[PDB]
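Okay, so here's just one chain, in structure tokens, the form solved without its partner chain.
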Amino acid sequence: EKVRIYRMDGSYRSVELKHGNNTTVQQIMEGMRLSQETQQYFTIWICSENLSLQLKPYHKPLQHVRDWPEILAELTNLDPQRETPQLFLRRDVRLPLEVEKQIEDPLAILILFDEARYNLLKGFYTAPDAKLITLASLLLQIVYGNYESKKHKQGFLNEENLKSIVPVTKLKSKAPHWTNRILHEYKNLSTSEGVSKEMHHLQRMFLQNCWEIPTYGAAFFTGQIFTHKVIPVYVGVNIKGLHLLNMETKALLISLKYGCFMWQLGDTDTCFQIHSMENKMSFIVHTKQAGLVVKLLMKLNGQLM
């Protein structure tokens, strides 16, 4: 009768299936308490730990849940028995930056933020220290309210506060040196009788600071490049273009805007090639998600001019 829909903070809502395991995504949206303005920003994904797939409005979530091992087998080289899929509320990857940039809906801001925060904290955002220090300061206000000196002034910025305001990939070596500027800026949000108190203004300010990160809004895919030397990669694909991360470190390897690179289908459906326009070099990415990536690149580039 019912099914869990998660948000990227890990919370979830219970929904009623009008047509049982035949219930569509579109129905489910309407199944929850949501308008077609609100539904403009997100849809349903199905994700297990190592594969996330955006659903069409006419797909049937539960059957994809049922059919996951073969989906996994079609799309990845994972062991099927070690992944459990769940349904998620997450950003529509087609959502143009320009349209998002006008978002005023509290609910949408929240879904979008919980997702941005997850991405920030896991290391999928590369941005300079200044940017990271700003976001951390916003997280402090959001999670702990006004700066209050009695508790903080440094000594209450222990690696476990920190853990929750900076990317996990910066937290052992970079961020211990940012702790002063983080508190300074945190003091200014609380001290600012001009910048708004409210939970959705902070969340929105948070998204504002994310909008320029190159990988913002990307859907990730896993893959490999053969420089015997194999580099495991996340392929990021977004409204701005194509991005490769190291799977281990999250180090950004390359970022390419639509127009400054072209792609070719591999000889088989399990790889694709990227030719640099300026660097005049080529590389191949191996991943059984090749067809996905390539269609998302055609579709998102076409959303331009």
Second form
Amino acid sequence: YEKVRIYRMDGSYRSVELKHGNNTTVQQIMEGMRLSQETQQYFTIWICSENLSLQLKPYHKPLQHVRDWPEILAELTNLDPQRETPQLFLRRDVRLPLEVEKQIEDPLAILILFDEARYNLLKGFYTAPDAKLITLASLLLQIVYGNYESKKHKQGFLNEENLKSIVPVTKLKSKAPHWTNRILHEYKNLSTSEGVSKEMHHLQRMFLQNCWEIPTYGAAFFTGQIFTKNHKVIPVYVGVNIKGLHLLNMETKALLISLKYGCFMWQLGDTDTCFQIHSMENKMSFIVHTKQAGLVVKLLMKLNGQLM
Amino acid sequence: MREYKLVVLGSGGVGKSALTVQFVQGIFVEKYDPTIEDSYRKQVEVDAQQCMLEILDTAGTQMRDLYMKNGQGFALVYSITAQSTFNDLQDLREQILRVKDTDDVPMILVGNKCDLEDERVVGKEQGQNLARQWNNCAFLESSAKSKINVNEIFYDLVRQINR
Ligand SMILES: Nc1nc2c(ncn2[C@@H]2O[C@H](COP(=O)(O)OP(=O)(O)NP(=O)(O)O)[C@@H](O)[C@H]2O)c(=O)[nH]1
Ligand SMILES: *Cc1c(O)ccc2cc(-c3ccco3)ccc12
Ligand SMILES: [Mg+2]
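What's the form deposited with its partner chain bound like, now that we've got the form solved without its partner chain?
Zooming out: every chain and molecule, the one shown earlier first.
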């Protein structure tokens, strides 16, 4: 029989039988997982290589996307396909309303969402102030390392090797080493406070609660370029989520602009290779050049239309 | 952070997945979904060391030769309610030593479903007796449902790999 590995962001995977070979659909693969109809509604199958991630649809055949990946890369990116082998992932549905996520109680759905959120945080895709990042680091210490012990954690426990797993990689160098005392204090408060539940799925939901207010939470990230007003090229990540549109500098992950639905407008370029954004009251306009502009605008239209 | 490659082997239905999922995710898997091949990752602390565990959850039937070539520690699980699953582990122990070409292989004998004390078919002494023949191999009676002897299955394999 045929089988495929469905990965998650932490490196784990689950093998699923392909009853219909490469004609098997996302819907049929989702049924092959160990997910109830409660756990299943929050997630879907993505196909991602190192520099292109695509959320698939229930009717899509993911193995044919793997087969056609060099042509998909050439249509949506300017990458060379020889360094990009795609894999199939189980990830949060980009259309999942935040209001629906906030009502989730299932421990498995929480851990899957938590693991994806932690992956985005450590990679730097979550832009947030220092206090929010320090709180997230303290929760990761409780989740991963357990209860705080002064014997074990008070001094020289938060080296770069241990700091890397609790803070964004973009802050690990010139910001995180100044955070250790504030991180351990909140870590100690978490453990010594019996008013907060040490249940695993309860701690993971606390982590997500802090992530739900980050502007880029749950965003699908596309790749593009903008030109500076005397013109310089700036590679950017184009993040589209249920809140709106966000631009990150590709090199630094710094948040260039964050726009909520109803405060900006979009228009697809005539050549499909770009889209323009008009902000309200900001009275400014920028254009993002990307071969994914056709997907960015379509996703923007659906996620805007979802909000009532 | 040192990486540890652990492999959970045994016949079907013994609770290989339920033990792994309880350990990694803290959930008790109730439904019986026969495994093809699942892999899990989990960071733990064994003897003041941060360890990255890669736990391979295998099929009750089967690619078995590759699991043993690559795996560093092996949990051999049976159900105390099924005699045949106990009998099957002798071949697994012997085949592991064959692929490794040595008897010094990190290994633990696990009698699962010890919460079903009434449905017990395999006694505790018979399990200890088996681990004795296996060059004084580690032995635990565990329960994925009651969270009894779950973490120390994998902690003990880490310690055996470190020695
Ligand atoms: N009462 C009880 N039931 C258990 C225990 N461990 C597993 N089970 C039950 O036994 C059944 C089979 O468990 P499972 O983990 O799928 O075993 P498996 O070895 O992974 N099967 P396979 O080899 O086909 O993948 C499930 O219904 C599960 O709930 C236990 O400690 N106590
Ligand atoms: C066209 C469409 C609809 O209808 C729903 C969801 C979509 C998601 C994407 C996407 C997510 C990550 C990358 O692309 C694209 C199109 C979608
Ligand atoms: Mg199993």
